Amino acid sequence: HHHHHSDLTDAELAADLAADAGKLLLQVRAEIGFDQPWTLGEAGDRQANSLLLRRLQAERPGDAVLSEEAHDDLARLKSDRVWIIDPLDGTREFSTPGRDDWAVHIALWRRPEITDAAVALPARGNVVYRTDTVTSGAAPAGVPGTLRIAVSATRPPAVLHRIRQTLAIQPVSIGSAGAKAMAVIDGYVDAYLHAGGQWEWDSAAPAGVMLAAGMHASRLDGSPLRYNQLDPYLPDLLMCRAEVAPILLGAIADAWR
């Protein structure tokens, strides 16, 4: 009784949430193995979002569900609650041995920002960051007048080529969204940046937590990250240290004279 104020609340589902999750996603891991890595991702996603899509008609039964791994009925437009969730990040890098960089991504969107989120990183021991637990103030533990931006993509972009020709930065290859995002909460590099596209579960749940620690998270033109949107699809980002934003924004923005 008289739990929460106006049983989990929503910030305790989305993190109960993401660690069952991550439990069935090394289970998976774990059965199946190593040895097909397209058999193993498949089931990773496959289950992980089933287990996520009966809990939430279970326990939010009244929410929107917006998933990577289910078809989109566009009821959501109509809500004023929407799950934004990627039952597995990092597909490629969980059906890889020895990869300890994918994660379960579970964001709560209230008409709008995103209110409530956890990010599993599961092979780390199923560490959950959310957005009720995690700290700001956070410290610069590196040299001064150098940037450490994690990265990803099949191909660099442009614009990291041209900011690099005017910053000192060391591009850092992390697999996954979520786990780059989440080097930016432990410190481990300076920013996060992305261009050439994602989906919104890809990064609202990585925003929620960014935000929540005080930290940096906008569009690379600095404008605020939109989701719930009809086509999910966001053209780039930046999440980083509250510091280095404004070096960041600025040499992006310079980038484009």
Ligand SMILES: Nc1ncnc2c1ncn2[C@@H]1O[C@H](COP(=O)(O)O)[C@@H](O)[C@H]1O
Contents of the next structure:
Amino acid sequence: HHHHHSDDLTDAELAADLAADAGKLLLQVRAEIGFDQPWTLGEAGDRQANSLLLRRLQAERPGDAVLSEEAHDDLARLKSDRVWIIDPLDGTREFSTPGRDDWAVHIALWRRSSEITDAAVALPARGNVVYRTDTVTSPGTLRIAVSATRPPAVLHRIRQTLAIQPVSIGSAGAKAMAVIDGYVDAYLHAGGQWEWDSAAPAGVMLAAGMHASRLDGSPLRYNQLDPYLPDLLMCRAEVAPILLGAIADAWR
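Since the one above is the form deposited without the named molecule, can you give the form deposited with the named molecule bound too?
Shown next is a single chain and nothing more.
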């Protein structure tokens, strides 16, 4: 009784519960199927996590649109004021590899403003820790998390002027949460990505009072017709001017 203000969860509570629940299911799938066929393992994780998440979002938020990596996109979301942007399993490659803990579940709520208002990132292999927008708290040399698979070429240019050690990690969620944790100073990506890769990490990053933008400094924009969103910078606030500047100076 008495809900929240303005099966009875706030949007942030639901984001966190969805992320944890999908996390537990993924851990079950990993234990059941095992690692002999990494392709089969990854496919099962993607498909089963997606199924759980879509079932629960229909049951618990039947009026909300959903954009998932693992489902067709009917574009009804473009007319909605409330859109869940989900990556049922981010870092499928890493999930499918024995002993790797750098994979995530991304659950973001986009709300139309006159933008990512609530979000959670689960790292199921790290004790199923769930970072959430409603509980997350607020220069000589830089540690920068980059893709273990497709690191951005632009890094090479900025390293001519800034002392940087790249830290190879799988998953956008894992790299963003390494920034929150203080394991790295920044997460930098370019060369391609999708909205569900960055929406929940961005929500958490901004809620923690940290920086999250495009490489050119402009805001990350979601619920776009084309959900391709190819580059990002997520970092401590104090680090953003240094990196955005170096990126800008790499141009000219």
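Residue numbers count along the first chain shown, from 1. Heads up, when I say rigid core I mean the largest set of C-alphas that superpose within 1.5 Å between the two forms.
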Worksheet item: So which residue among 71, 78, 161, 155 shifts its CA at least 2 Å between the two forms once the core is superposed?
Response: 155
